[PDB]
Amino acid sequence: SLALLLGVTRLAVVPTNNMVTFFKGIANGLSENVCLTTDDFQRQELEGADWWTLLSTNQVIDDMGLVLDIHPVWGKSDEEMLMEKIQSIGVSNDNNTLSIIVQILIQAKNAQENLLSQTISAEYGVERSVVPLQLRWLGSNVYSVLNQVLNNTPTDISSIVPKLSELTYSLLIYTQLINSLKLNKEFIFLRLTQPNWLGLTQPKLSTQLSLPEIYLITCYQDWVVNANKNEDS
Amino acid sequence: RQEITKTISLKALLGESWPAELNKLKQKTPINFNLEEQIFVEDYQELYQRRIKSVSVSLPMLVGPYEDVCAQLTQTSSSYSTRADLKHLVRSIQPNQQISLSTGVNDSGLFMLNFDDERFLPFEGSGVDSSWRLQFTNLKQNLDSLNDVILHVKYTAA
Amino acid sequence: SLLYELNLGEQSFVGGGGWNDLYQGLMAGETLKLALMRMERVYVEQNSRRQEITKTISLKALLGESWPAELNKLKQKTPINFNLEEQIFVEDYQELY
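Residue numbers (the authors' numbering), protein chains in the order written: chain A, 816 to 1048; chain N, 3171 to 3257, 3273 to 3343; chain K, 3122 to 3218.
It is worth saying that the hints were derived from the structure and are not from the lab. Hints may be right or wrong, so weigh each one.
To be verified - No more than 27 Å apart at the CA atoms, straight line, and that leaves these computed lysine-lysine pairs for DSS-like:
1. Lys924(A) to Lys1000(A)
2. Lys3181(K) to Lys3198(K)
3. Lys839(A) to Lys900(A)
4. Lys3325(N) to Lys3198(N)
5. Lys3181(K) to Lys3194(K)
6. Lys1044(A) to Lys891(A)
7. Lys900(A) to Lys1000(A)
8. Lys3154(K) to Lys924(A)
9. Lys3181(N) to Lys3223(N)
10. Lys3325(N) to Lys3196(N)
11. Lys3257(N) to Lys900(A)
12. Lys3196(N) to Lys3154(K)
13. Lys997(A) to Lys891(A)
14. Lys3196(N) to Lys3181(N)
15. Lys3176(K) to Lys3325(N)
16. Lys3325(N) to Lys3181(K)
17. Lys3257(N) to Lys924(A)
18. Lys1044(A) to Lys1000(A)
The following block holds chain A by itself, in its conformation from the complex:
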């Protein structure tokens, strides 16, 4: 198991067309009335998207400016960073026309995330609070997975992109990394936020893992239980 988890003499798997039924299941779940704002989601000048054309009596500027996407950080992430990012990019109209389009956007961000966190939890047996952190710590992005629908993954040819077919294979080994030992999300959240601050070396911003981490994170996972006071001190 330890050699497999360290990635030496790796596993073999079959690309069964059941995988297309799962990705077509994601595309179906995306398509049936979720009406998602993912239409060319991030990249600058977000033009020609339906939602703010209807609400144009309250604010017109659907194209915005720079990107509408997030990287996690410790202690406080959330919609305050999404607000500060759109507030920083040269909007002089600091009145309610700027704040209302944040409270219009929060449920539209949830409608992108909630699909994966509610569905893949029933494929692989992990809690919905772990899924987006597991996905990024594996070396992936929620939109990059959702874009494979636009790359015609739902087509039942017996071939799909490596970006899915090897990602899916890689997810099972990283699932054993979180079940051959059990740990809580705040550890993953710190490890994903700031590796050198946790105590790692700069190359471990990459997806790669080796024994000098595995000793230290395991002996931490003992010490956090062995200590004479509760979790958070």
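The hints should help you fit chains N and K onto chain A, whose structure is shown.
Positioned in the frame of chain A, the structure of chains N and K alone reads:
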């Protein structure tokens, strides 16, 4: 609240020089208005506050039951979308509403409704400080016998 | 009835196939509440007074005196045939979209 009813004649409002000048305004332009205090307030008992409830129009003109009074009324209007900083259509209906005449009598000013509806009546909940227009449109192609225009208003004071 | 009575383009709230044959139709009703919620909100927005107009015409004024003369056939033999073309219904009045 203090519900009040009011009426005015354009001949009585403007004086005889404007029914004379109307020989241009029959064809070239709208007729331009504002309900300023010297007729709406100073000629009546005083008030702290004022909000509209209904309006209507009658047209002193030589028009029979067999013919159409295709004129138009408006309050200065918009249908336009607000744009912030970062670094209309062919006689369509603007959401503020603009009443089109048919009879040349007060039922050209509102249709079907008595004293209730699911929705606010023309100018309901506005102050009287606005500006207004009368335009004949295609009625100007047979306009030959107009004499005066009569307006009616319902509003609440306090 | 919503899309006819407001004269509106497509929105497709009531999707077919909501039944289930692993779980014998469980949850196949709660989706109809959310369909009615998605539907109702179109009526909450899209109601306002459209430009209500009233009109009248005379067939003598419409057709001219040659047709009240030709009517000596149409009294007995045939219907009288019509179409509300623009030169009396629209071009003789203020324009519209």
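Hint check:
1. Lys924(A) to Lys1000(A): 21 Å, holds
2. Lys3181(K) to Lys3198(K): 20 Å, holds
3. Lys839(A) to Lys900(A): 34 Å, violated
4. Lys3325(N) to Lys3198(N): 9 Å, holds
5. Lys3181(K) to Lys3194(K): This hinted pair holds, its Cα atoms lying about 16 Å apart.
6. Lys1044(A) to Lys891(A): 24 Å, holds
7. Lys900(A) to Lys1000(A): With Cα atoms ~26 Å apart, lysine 900(A) and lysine 1000(A) stay inside 27 Å; holds.
8. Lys3154(K) to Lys924(A): 24 Å, holds
9. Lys3181(N) to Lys3223(N): Roughly 25 Å separates the two Cα atoms, so the pair holds.
10. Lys3325(N) to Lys3196(N): At roughly 6 Å apart (the allowed maximum being 27 Å), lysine 3196(N) and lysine 3325(N) satisfy the hint.
11. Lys3257(N) to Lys900(A): Status holds; Cα separation ~13 Å.
12. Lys3196(N) to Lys3154(K): With Cα atoms ~57 Å apart, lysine 3196(N) and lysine 3154(K) exceed 27 Å; violated.
13. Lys997(A) to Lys891(A): Holds: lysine 997(A) and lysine 891(A) sit about 24 Å apart, inside 27 Å.
14. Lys3196(N) to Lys3181(N): 15 Å, holds
15. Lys3176(K) to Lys3325(N): 18 Å, holds
16. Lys3325(N) to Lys3181(K): Holds, because 24 Å separates the two Cα atoms, which is no more than 27 Å.
17. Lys3257(N) to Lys924(A): Within the cut-off at roughly 24 Å; holds.
18. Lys1044(A) to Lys1000(A): Status holds; Cα separation ~19 Å.
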